[PDB]
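Only one chain comes next, encoded as structure tokens, the form deposited without this ligand.
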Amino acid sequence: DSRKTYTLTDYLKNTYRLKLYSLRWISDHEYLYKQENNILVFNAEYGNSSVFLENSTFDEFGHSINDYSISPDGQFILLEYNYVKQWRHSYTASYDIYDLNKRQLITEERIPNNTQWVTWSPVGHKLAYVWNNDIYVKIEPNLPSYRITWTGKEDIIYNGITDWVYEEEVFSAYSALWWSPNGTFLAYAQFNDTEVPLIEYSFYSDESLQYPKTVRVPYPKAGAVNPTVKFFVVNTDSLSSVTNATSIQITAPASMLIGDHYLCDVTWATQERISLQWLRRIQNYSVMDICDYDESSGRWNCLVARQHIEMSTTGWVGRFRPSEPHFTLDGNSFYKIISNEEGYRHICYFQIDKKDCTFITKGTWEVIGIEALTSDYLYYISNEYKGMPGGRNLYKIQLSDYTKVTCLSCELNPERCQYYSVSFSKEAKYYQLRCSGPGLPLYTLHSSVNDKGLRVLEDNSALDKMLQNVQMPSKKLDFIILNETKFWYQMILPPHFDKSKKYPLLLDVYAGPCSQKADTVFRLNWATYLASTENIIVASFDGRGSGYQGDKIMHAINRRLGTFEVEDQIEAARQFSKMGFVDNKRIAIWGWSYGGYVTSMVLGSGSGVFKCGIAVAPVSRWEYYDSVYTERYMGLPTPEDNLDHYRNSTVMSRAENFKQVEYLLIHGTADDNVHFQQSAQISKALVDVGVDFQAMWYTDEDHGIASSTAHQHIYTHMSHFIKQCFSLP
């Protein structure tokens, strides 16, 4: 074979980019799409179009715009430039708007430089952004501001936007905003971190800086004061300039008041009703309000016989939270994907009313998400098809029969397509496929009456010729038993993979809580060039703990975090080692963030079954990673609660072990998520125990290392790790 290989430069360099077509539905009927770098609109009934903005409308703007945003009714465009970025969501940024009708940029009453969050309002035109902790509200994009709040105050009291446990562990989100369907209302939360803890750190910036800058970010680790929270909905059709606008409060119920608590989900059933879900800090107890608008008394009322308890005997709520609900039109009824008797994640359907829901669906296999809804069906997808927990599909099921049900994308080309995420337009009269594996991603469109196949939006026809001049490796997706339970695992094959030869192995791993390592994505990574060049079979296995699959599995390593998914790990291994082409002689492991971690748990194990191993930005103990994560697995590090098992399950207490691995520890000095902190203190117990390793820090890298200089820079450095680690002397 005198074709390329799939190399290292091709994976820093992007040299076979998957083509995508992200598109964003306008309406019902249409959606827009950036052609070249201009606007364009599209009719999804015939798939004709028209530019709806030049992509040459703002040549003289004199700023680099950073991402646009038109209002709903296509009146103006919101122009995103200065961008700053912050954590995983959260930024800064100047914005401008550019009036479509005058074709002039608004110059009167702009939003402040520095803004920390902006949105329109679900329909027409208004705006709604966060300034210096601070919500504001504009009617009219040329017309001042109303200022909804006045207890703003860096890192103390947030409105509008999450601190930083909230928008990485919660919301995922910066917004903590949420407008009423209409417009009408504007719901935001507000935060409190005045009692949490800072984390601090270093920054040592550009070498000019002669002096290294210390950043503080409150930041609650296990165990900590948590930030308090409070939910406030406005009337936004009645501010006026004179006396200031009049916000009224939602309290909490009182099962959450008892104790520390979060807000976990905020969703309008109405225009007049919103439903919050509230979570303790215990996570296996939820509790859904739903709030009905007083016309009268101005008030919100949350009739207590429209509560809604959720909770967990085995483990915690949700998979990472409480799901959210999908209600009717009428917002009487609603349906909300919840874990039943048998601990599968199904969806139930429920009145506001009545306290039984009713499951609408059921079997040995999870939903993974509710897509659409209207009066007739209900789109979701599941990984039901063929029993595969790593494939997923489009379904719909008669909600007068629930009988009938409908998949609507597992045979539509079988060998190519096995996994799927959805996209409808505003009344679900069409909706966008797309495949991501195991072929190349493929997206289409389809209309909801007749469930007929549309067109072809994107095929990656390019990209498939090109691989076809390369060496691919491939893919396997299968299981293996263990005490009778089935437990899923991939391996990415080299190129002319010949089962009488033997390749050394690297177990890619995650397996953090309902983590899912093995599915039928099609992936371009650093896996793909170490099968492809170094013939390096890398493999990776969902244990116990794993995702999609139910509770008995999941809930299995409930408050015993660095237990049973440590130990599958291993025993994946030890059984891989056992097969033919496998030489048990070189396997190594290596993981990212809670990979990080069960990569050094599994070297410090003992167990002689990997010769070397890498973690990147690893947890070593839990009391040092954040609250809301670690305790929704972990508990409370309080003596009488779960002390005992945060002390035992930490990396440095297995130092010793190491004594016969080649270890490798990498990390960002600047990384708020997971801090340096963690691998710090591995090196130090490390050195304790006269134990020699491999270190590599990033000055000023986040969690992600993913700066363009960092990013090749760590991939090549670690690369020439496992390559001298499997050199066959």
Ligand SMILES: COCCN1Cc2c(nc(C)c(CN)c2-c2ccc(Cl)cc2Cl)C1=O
Contents of the next structure:
There are 2 protein chains.
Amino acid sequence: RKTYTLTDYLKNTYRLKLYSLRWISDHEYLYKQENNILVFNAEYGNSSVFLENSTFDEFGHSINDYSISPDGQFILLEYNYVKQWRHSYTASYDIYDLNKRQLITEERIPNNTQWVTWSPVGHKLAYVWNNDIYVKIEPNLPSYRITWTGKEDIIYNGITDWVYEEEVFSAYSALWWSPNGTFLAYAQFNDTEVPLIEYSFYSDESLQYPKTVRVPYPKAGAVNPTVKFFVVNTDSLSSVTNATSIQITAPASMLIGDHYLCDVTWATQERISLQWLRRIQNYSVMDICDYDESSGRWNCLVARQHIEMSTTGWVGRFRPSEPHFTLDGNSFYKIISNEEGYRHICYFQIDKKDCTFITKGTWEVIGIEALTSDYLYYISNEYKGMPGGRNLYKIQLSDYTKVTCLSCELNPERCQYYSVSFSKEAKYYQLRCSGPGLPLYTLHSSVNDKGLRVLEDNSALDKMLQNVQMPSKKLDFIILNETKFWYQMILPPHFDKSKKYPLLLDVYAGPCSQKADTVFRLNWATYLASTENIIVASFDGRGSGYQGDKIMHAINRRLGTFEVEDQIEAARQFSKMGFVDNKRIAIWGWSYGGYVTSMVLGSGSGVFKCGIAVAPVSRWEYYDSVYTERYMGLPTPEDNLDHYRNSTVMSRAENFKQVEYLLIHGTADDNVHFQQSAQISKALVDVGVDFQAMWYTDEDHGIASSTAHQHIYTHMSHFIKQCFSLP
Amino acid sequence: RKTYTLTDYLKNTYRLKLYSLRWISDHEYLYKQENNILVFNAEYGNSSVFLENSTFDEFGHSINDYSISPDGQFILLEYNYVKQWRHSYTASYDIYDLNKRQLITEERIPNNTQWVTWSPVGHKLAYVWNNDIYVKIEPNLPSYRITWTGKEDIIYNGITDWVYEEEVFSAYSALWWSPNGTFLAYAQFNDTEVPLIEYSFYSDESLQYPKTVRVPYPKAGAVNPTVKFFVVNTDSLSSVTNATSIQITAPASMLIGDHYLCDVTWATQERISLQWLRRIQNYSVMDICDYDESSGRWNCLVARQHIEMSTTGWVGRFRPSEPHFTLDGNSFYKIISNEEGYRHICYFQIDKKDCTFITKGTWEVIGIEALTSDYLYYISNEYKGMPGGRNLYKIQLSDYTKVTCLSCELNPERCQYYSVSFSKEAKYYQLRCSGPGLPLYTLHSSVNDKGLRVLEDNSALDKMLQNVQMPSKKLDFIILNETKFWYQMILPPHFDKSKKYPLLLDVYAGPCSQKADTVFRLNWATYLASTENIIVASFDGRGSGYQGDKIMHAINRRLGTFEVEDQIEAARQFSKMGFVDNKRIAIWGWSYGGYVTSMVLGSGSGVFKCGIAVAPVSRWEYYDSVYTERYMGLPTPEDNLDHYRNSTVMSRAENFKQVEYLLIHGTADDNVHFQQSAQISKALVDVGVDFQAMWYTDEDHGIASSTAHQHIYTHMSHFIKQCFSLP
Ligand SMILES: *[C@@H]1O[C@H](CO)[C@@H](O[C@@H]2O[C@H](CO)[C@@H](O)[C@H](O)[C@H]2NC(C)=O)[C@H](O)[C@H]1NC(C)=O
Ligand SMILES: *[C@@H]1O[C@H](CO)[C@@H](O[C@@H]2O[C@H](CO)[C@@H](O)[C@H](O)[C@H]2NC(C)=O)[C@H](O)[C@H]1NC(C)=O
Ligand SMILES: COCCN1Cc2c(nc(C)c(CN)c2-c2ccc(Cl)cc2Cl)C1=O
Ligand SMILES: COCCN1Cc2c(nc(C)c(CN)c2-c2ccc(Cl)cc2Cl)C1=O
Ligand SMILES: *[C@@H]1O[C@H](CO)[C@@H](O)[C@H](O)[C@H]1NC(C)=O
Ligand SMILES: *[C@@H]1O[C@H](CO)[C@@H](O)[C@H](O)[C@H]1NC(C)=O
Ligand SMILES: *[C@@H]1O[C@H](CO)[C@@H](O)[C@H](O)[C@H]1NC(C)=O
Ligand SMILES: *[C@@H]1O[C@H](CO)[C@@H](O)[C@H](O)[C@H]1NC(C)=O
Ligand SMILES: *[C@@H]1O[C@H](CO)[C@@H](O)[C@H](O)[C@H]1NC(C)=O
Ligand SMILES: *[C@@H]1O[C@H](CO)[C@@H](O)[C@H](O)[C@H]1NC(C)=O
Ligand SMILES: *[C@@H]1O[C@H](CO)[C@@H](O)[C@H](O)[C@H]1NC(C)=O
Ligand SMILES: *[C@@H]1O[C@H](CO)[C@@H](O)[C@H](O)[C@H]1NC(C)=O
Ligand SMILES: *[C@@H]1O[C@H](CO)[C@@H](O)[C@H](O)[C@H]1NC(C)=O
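Could I see the form deposited with this ligand bound next, after the form deposited without this ligand?
Now the complete complex, all chains and molecules, led by this one.
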């Protein structure tokens, strides 16, 4: 048998199959197979070809993606896609009339469009072009301009700026149609006084002078963008008069200082829910806003506000949780940290104070996935008390003590990590198992939770892997100070507990992270264990998520302390184990994991021989405001400046004398700026520490272009092999 | 027994002593001893203290340098010095009255002054501040503002812009006093349309956002700065009206296209010499400009212009040569390439055609050093036909065939490389011998060329080095195609030709370079040979200097060809010698040498195991116009674009799979932009070639800060030691 080699990883020789479907109604879904788009009937499994892979053969452009209108009458064709940040991009768009089978050729959606979306019913369109919002009532009719204030890098209507895209909304879009399609809600961001990160972009060899990229980007403590919220009635659009947006003001408790808009959820045709968060992310308010048919205005009764505070840390895992409204819009369910610090499902009634927990226990609800009049469906890590497992549950809304696990026993050896996708109104659901066995996609009907069929079982990959010496994974826990902390180890094939293997500690360790889990992965660690006989371990210490606030908030206002200390202690314990060579322990991480790796290597602990930090944070003052201040507060003498200064990699420079360090960073990293590693190397140079380095010209945080990806893993593999005296 | 170690190099354990003197008249000089300024009488050798080391103890600022006025009455004190590029800087200044022994507190020179200079006689001052020129007649009187057009990065009056500072005048100054101090001539540079190179400067940790540095910098083929020339009468300045600057325009043969002002020399009190050079640097014109008492204008008779052209290359070694005027100003001497392509001294009479060569032979004159009524003094490499030796000669003006060597036989074994400094009117001269033995400084009188006394013989260093196993240096030649090409080897102590040594080829190889010479050096190569037992070789191939145009111009319009090939062939030659291990040959270079090193590693020659390129050029379109176009013409389809494109490092990327490569660059390199290495690394990545790299944050082309310098030589030493399998 051959082994899983670096080339196998880099060339994607062993591929995981997926089953990506889009629910189109309560009983049908779209699935793209062999470039043909199909419609499936969930109950019986029969299908029809909706669009053949030949249709646009003479389109004239490579089609990047498609979006069929809700009523199936039109399809959007996305082409000329050019990526921007994590979510944003620009593209060109054509619209094809499915009824007449022809492209619409006038009043086209413009080129360089920044965002487009169908209404939730029908076929209205909203798009953003040059930072302004436009609406098309019909694909062939001229559009109506909703906003006129948009200016590059300054005013954003209907799309997010850098830090909202990355840290608040996880999306470029800041547009929200009402369930009906009647109203279009949108946010407007103002980056007027936000400072710019500037960095060079070298481009192709032919470019004589490097370009300077400039992005409004608030580092910790700097001026943040401001936000406004508006709602436009899309039924009353006039060809003669500019459209009229109604502003909805943030609560007074937010208007007293810096704040964020952090969630927008339509509750009914005439009720919108808005969540706001103070800049000190301690305090949030949910506003319920009702439409007044006579007034034409939107009002947010103060008495309806729901306030959420934390004294232990910040609000929510990364932000306040999403509300899930009942059909009538009069009550909702939301995940909330309970009195014991565990995140559970809470039932809220509008116009009543407080809430009622419907789940409890020493485990957490991960997400609320569907809600009907009879049941609420949710994913949690309760099963077998493993925080790194995930299963689907349903809870009987008329008796909260009746909770049934829908996924726990379907295939208990192969499947312990589930996610789910329900059709509209929750008639059917697709289950997606991610491990520990090969991913398995199944379809089910909710009425009695019957298994309908297997959609994808990865039998092909399974056959291929029969010919390979694959490594194994152990998931278990150690005890630090009377508490359980979980770890995982990728073990080489034919693991012999009597031998001594080198160990690489793979770290992330950011707040609410989880690197010990039951999911199946084919990655670099697979190669390291399979071919180089290296154990790759990961550990979830203080600050990790899904185990309660006592663990997650331990790190509050003190990044670079307990989570770094805990990675060190985990390695010590692994070294005790009689199968680890304590002379050959390495560490590596990317991003937050680069910071932790650097702090660990700079600790003088003597535990680690060498380490690799990829695109590390080095000083919290250099990273973005929304993320950083959530854990660290503000970098002022009045607040947390002292710990901002005590938690830099640079201050530990001298201790790097005791280790081999490889430092790697993309020069076009718009996220963790090259600046951060530039300051690390200068501190090392100033104190006479030798180290190794590699910049990646024009790569960003992901160092993800095909050639750079191959190059960085090839470079790191040489480094780790050298460090471990492996032939 | 000890060797010359890395730490000795880095920490300067063994220091070379100097004897820097400043002639202040025909028979006296200034010399600093224990920070005491002494004046010495050249004839008799007696001295006295001019300025006590204690004089300025209560000054309140650290004094960076001083400049005494020509008449001994005042001394300028430079403090708050801040370096800019190679020559430019800003500083604060104070003038101390030596007769009153008081600091002058009235009408002070402003802070952030860019350039200052006394008149050549008396005590007038011209300085530049905010890009405008000012003149003080007396140190305690208000200054007269001469120009009003100065503007940062756009209009420079009396100082040079980036490219003129670096490539044209080798100085920040663009002011020239007439011998009398009557006139002040000055250039004005206009950079309005020159593009900017932009790069990040990260600064101290405490700086939250990196700064973008922007410098007007014309890359090859881009818009160059424009230049004007003016002359002001300093004797007729008024406190009422502004100075009247008379413009002298360039010849009409220059005005037809882009051109440079390349040399300014005052011939008499009323005659200025100006040399102009076309942007295509094979055509230059010398103008002789005379003052007209009656009109106050300067007139340049078109008829007495001297024209210089080249068909095989560019004009001059790096630029048209300096004219040396006879006292009366009616004739001059200047170095000119003769009919055989050897650079010799030519005698020109103003208003007469052609010139008369007063020297000849297969060797070159390096510089004209002094001129009296009886003799012209010059440095050449005639002695023993060694192009890398330098000696002082004098030629009898009344009989050109009487040429006397003044330095050749002073100490033939210790001293073969001299420079010289003559007193005012050349009554005395200081000889400075730089090798092959320890530097030796002596004083002589011109009357009969009698040695007066030894000034510094480095006996102290000599006694220390006797305790060290020092390397020897061999200087010799190999014959390629019936031409002699010279090389040097730094050989390890107790060299044994029956042994095999690893060899490092130390490369520069730029046009008119010379890396094989008789100079004594204590450098990185000294450590490599003495401690690590590595032979460090350099070779002067096609394109090299001081050997005639056949060799120097071989590289015309073809950079990255013959000079690269010849380094490879030299390496082959070196292997065929029995004391070289051909499995351990490396190559390294900085700047142009980093370019050549990269081209060599990318040639696929198989000769070199590994190499290091520091701050290399990677393609000629990225480097500056004046230097690049001198050798390469313009990068246009009608001129030389094809060879610009065929001579990049990037196009050889695939071939780097055969070698180990270390690429190093400073991020704030204003000269060879980080961009050049950014593009090399991108090409290697794109093609799947592993290599090593190191950036140096905020270091410029010299990577010369104390900590960076130590870091880079330490890093390179590890790399060579690994590549050579050395303990
Ligand atoms: C975006 O925010 C900026 C800065 O707050 C606003 O700029 C101000 O605009 C008003 C009137 O134009 C005045 O207060 C000042 O003249 C501006 N101050 C600054 C700092 O420039 C700007 O109006 C906002 N733009 C939008 C579309 O809301
Ligand atoms: C420096 O050069 C600039 C650029 O050529 C000169 O600006 C030009 O001046 C003329 C006459 O005023 C205008 O008609 C042009 O439009 C200008 N060109 C540009 C691009 O601005 C400028 O006058 C020069 N400055 C000095 C002091 O010589
Ligand atoms: C290769 O990246 C490692 C995995 N990460 C890191 C990551 C991801 N997503 C988001 C939204 C964020 C928040 N900025 C982050 C993130 C977290 C911390 C720091 Cl210091 C930097 C970053 Cl970028 C993600 O997927
Ligand atoms: C550490 O530098 C190595 C030695 N050099 C290189 C050097 C020096 N002086 C001048 C005026 C120049 C012309 N720009 C150069 C130079 C020549 C070629 C290239 Cl491609 C880059 C450069 Cl910088 C010098 O002293
Ligand atoms: C188009 O679809 C057919 C099946 O209907 C498939 O066999 C063929 O490979 C497809 N062509 C592609 C993938 O472009
Ligand atoms: C499935 O089959 C039924 C019965 O013929 C048919 O009516 C329905 O349209 C089919 N669904 C799809 C998506 O083909
Ligand atoms: C978009 O660009 C394409 C080519 O770049 C051009 O043919 C077309 O006119 C543009 N389309 C629109 C809708 O502006
Ligand atoms: C959708 O809701 C709005 C607000 O209640 C209403 O005015 C409009 O008529 C509705 N649209 C449809 C399709 O009836
Ligand atoms: C346990 O307590 C000790 C002492 O208070 C402390 O050093 C250590 O970090 C703690 N460990 C954990 C993981 O709680
Ligand atoms: C040298 O000595 C002579 C004779 O005393 C004296 O006049 C002269 O000033 C001295 N020069 C110096 C510079 O000490
Ligand atoms: C130079 O700067 C210093 C510090 O601000 C100031 O005190 C001093 O007066 C300045 N000197 C002159 C000549 O303006
Ligand atoms: C210096 O030379 C110029 C030549 O025109 C003359 O006008 C001036 O008088 C001279 N100055 C002195 C100080 O003799
Ligand atoms: C010698 O001549 C041959 C061409 O016939 C060429 O390969 C080689 O480069 C030449 N060497 C030198 C230094 O002239």
